[PDB]
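As a starting point, one isolated chain is supplied in structure tokens, in the form solved without this ligand.
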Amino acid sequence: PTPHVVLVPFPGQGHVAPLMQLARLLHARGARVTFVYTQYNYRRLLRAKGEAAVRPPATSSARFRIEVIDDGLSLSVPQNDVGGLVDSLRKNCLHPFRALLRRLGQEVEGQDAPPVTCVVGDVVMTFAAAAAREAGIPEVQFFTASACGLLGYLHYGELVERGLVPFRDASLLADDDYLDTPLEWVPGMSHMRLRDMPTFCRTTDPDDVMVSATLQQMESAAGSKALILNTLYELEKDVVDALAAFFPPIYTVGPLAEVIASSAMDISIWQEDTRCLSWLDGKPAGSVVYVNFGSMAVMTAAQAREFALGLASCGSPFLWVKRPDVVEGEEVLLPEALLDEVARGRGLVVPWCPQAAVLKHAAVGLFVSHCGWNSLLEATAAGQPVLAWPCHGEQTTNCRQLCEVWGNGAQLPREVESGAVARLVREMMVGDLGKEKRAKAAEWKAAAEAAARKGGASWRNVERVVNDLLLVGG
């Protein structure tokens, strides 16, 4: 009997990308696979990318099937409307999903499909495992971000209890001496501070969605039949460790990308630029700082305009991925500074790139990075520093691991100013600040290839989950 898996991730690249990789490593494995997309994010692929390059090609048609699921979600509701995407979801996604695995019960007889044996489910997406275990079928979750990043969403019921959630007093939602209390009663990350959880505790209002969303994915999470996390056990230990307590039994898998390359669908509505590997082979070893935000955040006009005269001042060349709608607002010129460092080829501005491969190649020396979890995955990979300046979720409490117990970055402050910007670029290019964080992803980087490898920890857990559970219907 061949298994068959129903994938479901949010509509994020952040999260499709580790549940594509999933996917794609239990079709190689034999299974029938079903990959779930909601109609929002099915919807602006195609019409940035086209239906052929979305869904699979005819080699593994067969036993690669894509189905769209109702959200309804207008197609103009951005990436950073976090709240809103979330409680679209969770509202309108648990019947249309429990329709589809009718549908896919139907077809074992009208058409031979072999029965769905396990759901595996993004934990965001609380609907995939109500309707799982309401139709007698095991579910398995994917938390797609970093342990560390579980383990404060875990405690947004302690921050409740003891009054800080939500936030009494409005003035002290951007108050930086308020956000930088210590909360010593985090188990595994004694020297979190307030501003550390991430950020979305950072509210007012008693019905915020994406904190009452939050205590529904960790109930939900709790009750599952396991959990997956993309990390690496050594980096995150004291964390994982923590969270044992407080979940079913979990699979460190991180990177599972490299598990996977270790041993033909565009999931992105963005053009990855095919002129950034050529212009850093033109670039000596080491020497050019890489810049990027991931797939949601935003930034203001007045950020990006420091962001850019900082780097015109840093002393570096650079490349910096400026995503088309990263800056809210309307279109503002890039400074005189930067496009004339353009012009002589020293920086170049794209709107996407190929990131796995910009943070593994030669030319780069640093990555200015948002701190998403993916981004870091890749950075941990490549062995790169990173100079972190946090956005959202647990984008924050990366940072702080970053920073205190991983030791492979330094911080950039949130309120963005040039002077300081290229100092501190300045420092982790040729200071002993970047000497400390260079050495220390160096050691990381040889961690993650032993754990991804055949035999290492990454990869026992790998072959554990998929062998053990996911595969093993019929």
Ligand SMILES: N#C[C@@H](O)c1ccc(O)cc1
Contents of the next structure:
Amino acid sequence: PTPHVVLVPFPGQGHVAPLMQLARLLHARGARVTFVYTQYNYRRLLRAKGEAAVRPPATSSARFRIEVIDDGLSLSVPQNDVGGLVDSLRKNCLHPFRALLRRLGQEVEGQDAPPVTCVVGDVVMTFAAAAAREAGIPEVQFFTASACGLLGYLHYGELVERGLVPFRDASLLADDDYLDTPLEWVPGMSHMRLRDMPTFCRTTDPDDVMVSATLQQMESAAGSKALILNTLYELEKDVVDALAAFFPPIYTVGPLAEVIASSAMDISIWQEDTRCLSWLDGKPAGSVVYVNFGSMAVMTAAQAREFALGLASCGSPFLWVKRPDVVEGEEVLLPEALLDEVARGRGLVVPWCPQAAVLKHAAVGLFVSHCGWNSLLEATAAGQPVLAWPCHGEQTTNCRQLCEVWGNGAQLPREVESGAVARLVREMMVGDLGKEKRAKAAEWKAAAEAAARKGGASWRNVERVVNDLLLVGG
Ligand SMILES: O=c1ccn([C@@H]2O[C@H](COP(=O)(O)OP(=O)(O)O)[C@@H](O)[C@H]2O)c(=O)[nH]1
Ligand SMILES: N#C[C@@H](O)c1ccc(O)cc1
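Having seen the form solved without this ligand, could you now give me the structure of the form solved in complex with this ligand?
Whole complex next, starting from this chain.
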């Protein structure tokens, strides 16, 4: 019999990426895979890159099925409207997914298809676990961000119990002294402050979607057969040991993409700029500041201008990925100082890049990052120190660990100002600060390589997951 694994990501590129990594590995190991897209995600991908590039090749088409489910969303809903996405998916996708499972079962008789043997749902996509359990199909969940991020979400309930969520005083939502308050009761992260919790807790709404959905997700994941985390156990050991008490067995597989590399489908709405790596080839080793904020976050036009002026005055060449819709509001021209540096060849601004390859390029010496987890995993594998500007979600949690525990990063002020940006970049490029963070980044690069190579801790967890949980085919 052939195992048949159905995988269901949340519609964001940072969620699709790790589940697609796993789906391709399972297909390589001989499994049948059904990858489930929401119609929102599928139609947006089609209009950006065309059906041929989004769907599987003909060589893999036999055992790699793409299925699409309804979600009731307009394609106009932007990626930064996380609450709108989350609320529609949890309300609209369960019955479409239940129907999909039924049809996959009918295809056993109808076309000799393999019965479904496991569902791997993103933790967010609680309907996938609900439908699998109803149908008596094993399900395992994949949390796509950091362990420390999960630990913060897990403690949303405790915030509610302590009267901290919802915020009873709206004036405290952005009060920096209040947000600095230590939360000494979080196991595994004694240094958590209120601001270091994933940012969706900062709400006055007692029916807030993201708080509600978080609680649903934690309860769902606690009932799963296992939890997959795309992190390095050695990096997040104290956090993972604290999470162990609240979840089924946890498999730390990170960086999954590097485990796979040790040993045909576009998942992005943006086209990776091919000039990047050639431009970096022309720059000295370690000389370039690489700036990128991932696939969902947006910033203000004022923040964008201060980043631009800071980059122009920081003393280093720079590669800035400025996502086409990253700035809120109408298009504003970049400052002349930056535009002149681009004209001189000292800087380069592109809409999207091949991020893992850029971070591994010898010309890059620093990553200015929003602290999205996949981006941090790519920085960790590459050995790049991080200058952090967290935006939303668990980016704040990740930044707290980058600064206080992992040791491979430093933080910018949330209020962007060109002079402080230039000063901190300079410190990271030539100061004792950067020497320390870069040295620690080198240590984590070695640790990641050891974990991902055959026999390493993450490699061993991937083998156990792939074999004993997913290819069993009972
Ligand atoms: O120029 C870019 C920037 C990002 N990414 C990819 O987009 C995802 C960003 O995920 P992350 O978890 O860092 O952040 P999010 O987008 O969820 O904020 C990762 O797979 C990156 O490799 C990319 O392909 N090109
Ligand atoms: N930010 C962000 C997204 O990655 C996200 C989606 C759903 C969640 O429940 C939490 C976070």
